[PDB]
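Taken from a larger complex, these chains appear in their original positions, while the remainder are omitted.
Chain lettering (A and B) follows the sequence in which the chains are written, and residue indices restart at 1 in each chain.
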Amino acid sequence: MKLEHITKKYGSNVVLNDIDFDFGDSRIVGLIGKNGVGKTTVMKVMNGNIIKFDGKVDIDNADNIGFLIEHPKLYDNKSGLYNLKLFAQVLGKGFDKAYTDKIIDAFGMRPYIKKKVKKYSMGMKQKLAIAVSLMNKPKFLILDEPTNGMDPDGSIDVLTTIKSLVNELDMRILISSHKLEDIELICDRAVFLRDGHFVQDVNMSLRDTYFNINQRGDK
Amino acid sequence: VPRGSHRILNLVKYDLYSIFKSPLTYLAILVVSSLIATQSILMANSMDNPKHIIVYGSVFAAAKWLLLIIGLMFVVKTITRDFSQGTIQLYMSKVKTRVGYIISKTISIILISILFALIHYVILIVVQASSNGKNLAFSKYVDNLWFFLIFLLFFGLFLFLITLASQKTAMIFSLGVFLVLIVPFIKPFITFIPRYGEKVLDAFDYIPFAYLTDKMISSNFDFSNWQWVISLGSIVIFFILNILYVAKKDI
């Protein structure tokens, strides 16, 4: 998963500008920036939901990429469990019951997994959506604010679970997220995106780093 | 590789699986059965006070009409489900998958068409078992399958392309219905009016929308060599366009 000279604009609005990216033997890379900078855009380019990025996206298509972008995507009139089975069979290799269970109980979604998604709360949908992405047993996982709607405990358990999994599976994880405190729990580096390019590569608060870099936009 | 093919088929299986679980499917089947039984019972066996002898061909055509419409709506739902739930975003991540998505849906459309044709067959067999008349040729039922496959695949792929072009679902259901019920409406309303009336009417034989819709209420069919080719050619190009388009459209 490498990005070389990626440039992307919407009409006159340049979002990405000659932006490069890689995983320097790191596993967990956080992505930090202000709203309107383009974090989702970068992720979409990597996922491959964009084909007009004027640059090179280096992906060995042999590999699977799991992801969650913006609001969760689920089939509303079906159960949570149904969605997990479907995606495992459809986007993934097949449905691995043991794997699935570890995620369900680790996240603690068990009590409502058999209920229809339309009856789920926003938080519940996100816990499920993360699991849906994980069900592909991917190597590259790309998450757009994965804990955006999670409660304090949900966030910790989900993030912890993913970190365990990156060793079980040879994964590389990109997490774009506010709540720098969550990135600080699970990370080994973070990159700060501003004005279409990376400004800092921080190897390892992130909050102080963030403000130092971005506060002057508005202030 | 077979792994690719397997994933494509798994998506197909889920769409068909859904059809066989929703109570709506079952309701629609019962409605068709009721309507056919109703025609048979109310007048086919009584209008002219016959000795309970009926024309299966009248029943056959009516059943076809109803099933093709229901079928087309099933096809549209199959097509629009991922736009509706937004789940399409989880599929179109790379070319191999994007193409596989089109392939999967194409297969689902074909299988839906087969299902509807099987329903049609069964409803009519029950009618034949029930009353008197000369049974219809097996081969007639078979040709009816061919009609279903072509009709639904043509419209399905056409609408699919539109669905992908606009990323809207409301207008796909609308077009499905609109197109079906407009041809038989407009023909006798104004075709005869212009000095080009005959020209226009003849022209319809070379326009799949017109001739495929018109044959929905026929007791039989026989496509002319051109008409046959045009329809099939149209199916092939739509399939191709769907692939070329999905490969380039941002999601």
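The rule is short, and it goes like this: a contact is a pair of C-beta atoms (placed from the backbone, for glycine too) under 8 Å apart; a residue touches a chain by one contact, two chains touch by 3 or more.
> What are the copy numbers of each protein chain across the entire complex?
When all chains of the structure file are included, the formula becomes A x2, B x2.
Basically, only the chains that are shown with their structure count from here on.
> Centroid of chain A to centroid of chain B, CA atoms only: how many Å?
From the centre of chain A to the centre of chain B is 41 Å.
> Would you mind writing out the residues of chain B in touch with chain A in their complex?
3, 7, 10-11, 14, 81, 85-87, 89-94, 96-97, 247-251
> Enumerate the contact residues on chain A facing chain B in the complex.
Touch list, chain A to chain B: 47-52, 59, 61, 65, 67, 69, 71, 73-76, 86-87, 89-91, 93, 132.
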